[PDB]
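Undergrad: For reference, the chains in residue letters:
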Amino acid sequence: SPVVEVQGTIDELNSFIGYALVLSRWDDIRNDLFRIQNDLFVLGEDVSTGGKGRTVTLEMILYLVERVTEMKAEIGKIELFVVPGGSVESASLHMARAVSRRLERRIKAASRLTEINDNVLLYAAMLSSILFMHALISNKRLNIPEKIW
Amino acid sequence: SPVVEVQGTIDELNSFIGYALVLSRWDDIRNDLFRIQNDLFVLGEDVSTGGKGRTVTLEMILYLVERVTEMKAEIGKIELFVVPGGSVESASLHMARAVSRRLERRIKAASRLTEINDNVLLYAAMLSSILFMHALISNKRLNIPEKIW
Amino acid sequence: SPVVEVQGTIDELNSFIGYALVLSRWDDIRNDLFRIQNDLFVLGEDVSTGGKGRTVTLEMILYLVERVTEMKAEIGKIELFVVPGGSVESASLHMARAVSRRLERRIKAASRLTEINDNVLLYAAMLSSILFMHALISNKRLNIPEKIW
Amino acid sequence: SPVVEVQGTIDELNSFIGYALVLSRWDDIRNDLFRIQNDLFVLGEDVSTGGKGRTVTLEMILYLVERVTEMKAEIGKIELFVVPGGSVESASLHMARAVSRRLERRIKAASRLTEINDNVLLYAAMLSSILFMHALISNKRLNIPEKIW
Amino acid sequence: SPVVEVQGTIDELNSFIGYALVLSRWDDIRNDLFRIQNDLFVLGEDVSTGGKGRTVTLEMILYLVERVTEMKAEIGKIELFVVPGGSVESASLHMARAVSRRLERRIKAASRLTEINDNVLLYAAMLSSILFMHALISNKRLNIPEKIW
Amino acid sequence: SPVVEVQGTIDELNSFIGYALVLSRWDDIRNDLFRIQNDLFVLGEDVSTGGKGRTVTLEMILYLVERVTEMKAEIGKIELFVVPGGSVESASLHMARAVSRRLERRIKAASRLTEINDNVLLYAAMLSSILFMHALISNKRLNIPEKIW
Amino acid sequence: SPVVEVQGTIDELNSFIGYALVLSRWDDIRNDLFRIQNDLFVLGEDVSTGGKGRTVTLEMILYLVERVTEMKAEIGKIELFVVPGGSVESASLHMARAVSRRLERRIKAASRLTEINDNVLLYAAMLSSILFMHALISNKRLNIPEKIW
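Chains as they are written, first to last, in my numbering: chain R, 631 to 779; chain W, 631 to 779; chain S, 631 to 779; chain Z, 631 to 779; chain L, 631 to 779; chain H, 631 to 779; chain V, 631 to 779.
None of these hints come from the bench; they were simulated from the model.
Treat the hints with care, as some may be off.
What the hints assert, rightly or not - Straight-line distance between alpha carbons at most 20 Å, and here's what the computed SDA-like set of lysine to any residue pairs gives:
#1 R:702 <-> H:684
#2 H:702 <-> H:758
#3 H:777 <-> L:668
#4 H:738 <-> V:688
#5 W:707 <-> W:695
#6 Z:702 <-> S:678
#7 V:702 <-> H:776
#8 H:738 <-> V:717
#9 H:702 <-> V:698
#10 H:770 <-> H:680
#11 H:738 <-> H:680
#12 L:738 <-> L:755
#13 L:777 <-> Z:642
#14 H:707 <-> V:716
#15 W:738 <-> W:655
#16 V:770 <-> V:718
#17 R:702 <-> Z:637
What the hints assert, rightly or not - Listed below are several chain W residues computed to face chain S (Cβ distance under 8 Å; list not exhaustive):
#18 641
#19 644
#20 668
#21 671
No residue lacks a Cβ here, since even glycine has one placed at the ideal position from N, Cα and C.
With the sequences and hints as input, model every part of the structure.
TA: Rendered as C-alpha cells:
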C-alpha cells in the first residue's frame with residue numbers, strides 16, 4: 631500500500647526519462663535512457679513481487695556505474711552547485727534526475743515499512759548520478775558552458 | 631489542511647495538461663484536454679466546498695469514458711508495459727497522466743481523512759486512463775510504433 | 631531528515647525553472663529566473679545550516695516583490711482561475727510555479743518539525759507569485775489571450 | 631580457493647587503511663576508517679560463508695554514500711586526473727584507495743567463479759570513492775592545493 | 631616465467647620490510663627484519679636455481695619459529711580479528727605481513743607449475759606469522775592496546 | 631578488460647610515487663617524480679586509446695635515461711643485491727620501484743593479449759631503474775651507507 | 631642523405647662486433663653478437679624504409695635487456711669509470727661498444743632531421759650497455775680483475 635506510492639513515482643520517472651530521450655540527440659545517451667526505462671520496469675516488478683520475481687541485478691547497476699565512469703572522462707572537472715539547465719536536452723535531463731532523487735527518497739520510506747531489495751534503492755541512487763552526467767554531457771557537446779553557483 | 635496538498639496536485643496536473651495541450655496537434659485531443667482542464671477546476675471546488683458547491687457530475691466522467699472507448703478503436707490491441715514516450719506529444723502526455731496517477735493517490739488519502747465526493751476520485755482515476763489513450767493515439771497518428779517491454 | 635524531502639523539492643524546482651528559462655525569450659524574465667535559481671541555492675543552505683550559514687535575506691524577497699509589482703502593470707486586470715498554458719513558455723512557467731506551490735507546502739511541514747528561517751518560506755510563497763506573473767507576461771507579449779474559467 | 635586471493639587483498643587493504651588512519655589527523659576521517667576496517671571484517675565473512683553468515687548490509691554501504699556526499703561539499707569542484715599526494719596523509723590515503731580498486735578488480739574475478747554477495751562488490755566500489763574523498767579533504771584542510779593533470 | 635611474478639613479490643616484500651625496519655625502534659625487531667631481508671635473498675636464489683644453489687635451510691625457518699615463540703610470551707593472549715594498526719610501526723609491519731601472505735599465495739601457484747623447494751613456501755608462511763608478532767609487540771611496548779573486532 | 635588490471639597498477643604506482651615524493655627532500659628527485667607522475671598519466675591514455683591518443687613518446691623515456699646516467703655518477707659503483715631501505719626516503723622509493731616492476735610484469739601480459747605501444751612497456755622498465763637510483767641517491771646524500779647482500 | 635652517415639656507422643659497428651665475435655671464446659657471448667649483427671641489419675632497413683619495411687621490434691630490444699640482466703648477476707657490483715681493456719676479448723668488445731655510443735649519437739642527429747623509428751635509437755642505446763657487459767664478463771671469466779679509476 632505505501633509501496634504503491636513508490637511505483638507511481640517509478641512511472642512518473644519513466645515519463646520524465648521518456649521526454650528527455652526523445653529530446654536528447656546523442657545515440658549513447660538515448661540507448662542508456664532506453665535501457666534505464668526497461669530497468670525501471672524490472673525495478674517495478676522487484677518491489678511488487680518483493681524479490682520473488684525479476685530481481686534487480688548487480689549487473690544492471692554496474693552498467694550505470696560503467697557509463698558514469700566513461701562519461702566522467704568527457705566532462706573532466708565535474709563541478710558542485712551547477713545551476714541546472716542551459717540546453718533544452720540538459721534541462722530535460724535535469725528534470726528527470728530531480729524526479730530520480732524524488733524516487734529514492736520515496737523508496738527509503740517503503741524500505742522502512744516492508745521488505746524490498748537493496749539493489750532497488752542502489753539502482754535509484756545510481757540513476758540520479760547517471761542522469762546528472764547526461765545533462766553535463768549534453769551541455770559540453772552543445773558547447774554551452776555550465777554556469778556554476 | 632491535508633486536502634490542501636490535494637489541490638496543489640490538481641493545479642500541478644492542470645499545468646502538465648496545459649503543456650501537453652499546446653504540444654498536441656490533434657483537434658480532438660486538444661478539446662478533450664481543454665474540457666479536462668475546466669473539469670479540473672470543477673474538481674477543485676468539489677473538494678473545497680466538499681460537495682456544497684459545483685459537484686463533479688456523472689456526465690463529466692462519462693464524457694471521459696466515451697472518449698476512452700472511441701479512441702480505443704483506433705489503437706486496437708492496447709499493450710501492457712508500453713515504454714513511455716517516443717513522440718514529443720506522446721512523452722508530454724505520459725508526463726501529465728503520471729501526475730494524474732499521482733493525484734488520485736493524494737485524493738485516496740484525503741478521502742480517508744475528511745469527506746469528499748466519490749466522483750472526484752473516480753474522475754481522477756478516469757483521467758489517468760484518458761491521458762494514456764492520447765499518448766498512444768499521438769504515437770499511431772505520427773507512425774511511431776510504441777516499444778513494449 | 632524530513633528536511634531532506636524539502637531540499638529535493640528545491641532542486642526539483644530549480645530543474646523546472648531551468649527548463650522554463652531556456653524556453654522563455656524575454657531577457658527580463660530570463661534574468662529573474664537566473665537570479666531565482668541562485669537564490670534557490672541560498673535557500674538550500676539556509677535550511678541545511680538552519681540559519682547558521684548563508685541566510686535568505688529580506689532584500690532577496692523584495693526583488694521578487696519589485697518584479698511582481700512591475701510586471702503587474704503590463705497585464706493590468708490579473709484574472710482568477712486562469713486555465714494554464716496556451717504558449718509554450720507560459721505552459722513551461724506554469725509547471726515551474728505549480729512545483730513552487732509544491733515546495734512551500736513541503737517547507738510548511740519541515741517548519742513544524744525543525745527550526746528553519748521564516749524568510750525561506752516567505753521566499754517560496756513569493757516565488758509562486760512571481761512565477762505566475764511570467765506565464766501571464768509570456769502570454770500577453772506573444773498575443774495569446776488567456777482563457778479564463 | 632581463488633576466493634582466497636580475495637581475502638588476502640581485503641587484509642592487504644585493511645593494513646593500508648590502518649596506516650592512513652594513524653596518519654590522518656581529522657576525527658571524522660579517523661572514525662570513517664575505523665568503521666571501514668570493521669566493515670572490511672564483515673566483508674570477509676560475507677565471502678567465506680558466502681552469504682550464510684554476517685551479510686554485508688545496505689545500511690553499511692549507505693553510510694559510505696552519506697560520507698561521500700557530506701565531504702563532497704567541502705571540496706566543491708572535485709577534479710579529474712588529480713596527481714596523487716602532496717600531503718603525507720593524502721598520499722597515505724591515495725595508497726589505500728589504489729588497493730581498494732585492486733580489491734574490487736580481484737572480487738570481480740571471484741564473482742565470475744563462485745557465488746558471492748553483490749553488496750560485497752558494491753561496498754568495495756564505494757570504498758574506493760570514499761577513500762579518494764579523504765585524500766582530497768586532507769589536502770584542502772592542510773591548505774595544499776592539489777596539482778591536476 | 632610465472633616464477634618471475636614470484637620474485638617480483640619477494641622484492642616487493644623486501645621493500646615493505648625495509649620500510650617497517652627503519653620505522654621500528656626495537657633492536658630485536660630490527661635484527662629479525664634484517665636477517666629476514668637476507669633470508670629473502672636466499673629465498674630468491676632457491677627459486678631461480680630451483681634448489682641447485684643456495685637452498686633455504688631448515689635452520690633459517692627455525693630461527694623464525696624461535697622468535698615467534700619468544701615474542702608470543704610478551705603478548706600473552708594473542709587475539710583473533712585484531713583491527714590492524716594503531717601505532718606507526720605496528721601499521722608499517724601489518725603492511726609488510728599482508729604482502730607476506732600475498733607472497734606465499736603467489737608461491738603456491740609457481741609450486742603447482744614448476745619445481746621449487748618446500749622450504750621456500752614454509753618460510754613464506756612463517757614470515758607472515760613472525761611479521762604479525764612484531765606488529766603486536768610494537769603495540770604492547772608502545773602501550774597502545776589493540777582494538778579487536 | 632585485462633588491460634583494466636594494467637591501469638589499476640598504474641594508479642597503484644602513481645600513489646606509491648606520490649608518497650615517496652612528499653617524503654624525498656631533494657629538489658631534483660622531487661621534480662623527476664612529479665614529471666614521472668604526469669608521464670604515468672600519458673601512459674594511461676596510451677593503453678586506453680591504444681596509441682590513438684596521447685602516445686608515450688621517445689623523448690619521455692630519454693629524460694628517464696638522462697637522469698639515470700646523471701645520478702649514476704654520484705653513486706659510482708652501483709652494487710648488486712642491495713638490501714632495501716635504511717633511510718625513510720630510500721625505503722619509500724624502494725617500495726615505489728618494486729610496484730614499478732609489478733607494473734611492467736602486468737603490462738607484459740596485456741601486451742600478449744591486445745595491442746599496446748612498445749614505448750609503454752619500455753617506459754615502465756625504465757621507471758624501475760630510475761626509481762632504484764633515487765633510493766641509492768637518497769642514501770648517499772643522507773650518509774647512510776647501503777648494506778649489500 | 632645525413633641518414634647515409636647513420637648507416638655507415640651501423641656497418642662500421644657491425645665490423646667491430648664481427649672482430650670482437652671471432653675474438654670472444656664464450657658461446658653465449660658469441661651468439662648474442664651474432665644475433666646483434668643480424669639485428670644491426672634489421673636496424674639498417676628500419677632507417678632506409680623509415681619504418682615501411684622490417685621494423686626494429688620491441689622483442690629485439692627486450693632480448694638485449696634480458697641478457698644485460700642475466701649477465702649482470704655474474705659481475706655483481708658493476709663499477710663506474712672502469713679503465714677499458716685488460717683482456718684481448720674485453721678490449722675488443724670495449725672498442726665495439728665505444729662505436730655503439732658513436733652510433734646512437736649519429737642517430738640522434740638523423741632523428742632531428744628526418745623521421746626514423748624510436749626503437750632504432752633505443753636499440754642502439756641498449757647495444758652500448760649489452761656490449762659493456764660482455765667486456766666485463768670476458769674479464770671475470772678470464773680472472774683479470776678490472777682496474778677502476
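Undergrad: So, for every hint listed, does it hold in this structure?
TA: Here is how each hint holds up against the structure:
1. R:702 <-> H:684: OK: residue 702 of chain R and residue 684 of chain H at ~18 Å, within 20 Å.
2. H:702 <-> H:758: Judged against 20 Å, a Cα distance of about 14 Å means the pair holds.
3. H:777 <-> L:668: Status holds; Cα separation ~10 Å.
4. H:738 <-> V:688: 11 Å, holds
5. W:707 <-> W:695: 18 Å, holds
6. Z:702 <-> S:678: 15 Å, holds
7. V:702 <-> H:776: Distance ~19 Å between residue 702 of chain V and residue 776 of chain H Cα, so the pair holds.
8. H:738 <-> V:717: 38 Å, violated
9. H:702 <-> V:698: 17 Å, holds
10. H:770 <-> H:680: 40 Å, violated
11. H:738 <-> H:680: Judged against 20 Å, a Cα distance of about 15 Å means the pair holds.
12. L:738 <-> L:755: 11 Å, holds
13. L:777 <-> Z:642: Holds - the C-alpha atoms of residue 642 of chain Z and residue 777 of chain L are around 18 Å apart, at most 20 Å.
14. H:707 <-> V:716: Distance of about 19 Å is within 20 Å: holds.
15. W:738 <-> W:655: 33 Å, violated
16. V:770 <-> V:718: 13 Å, holds
17. R:702 <-> Z:637: 30 Å, violated
18. 641: 5 Å, holds
19. 644: 5 Å, holds
20. 668: 6 Å, holds
21. 671: Since chain S brings a Cβ to about 5 Å from residue 671 of chain W, closer than 8 Å, the hint holds.
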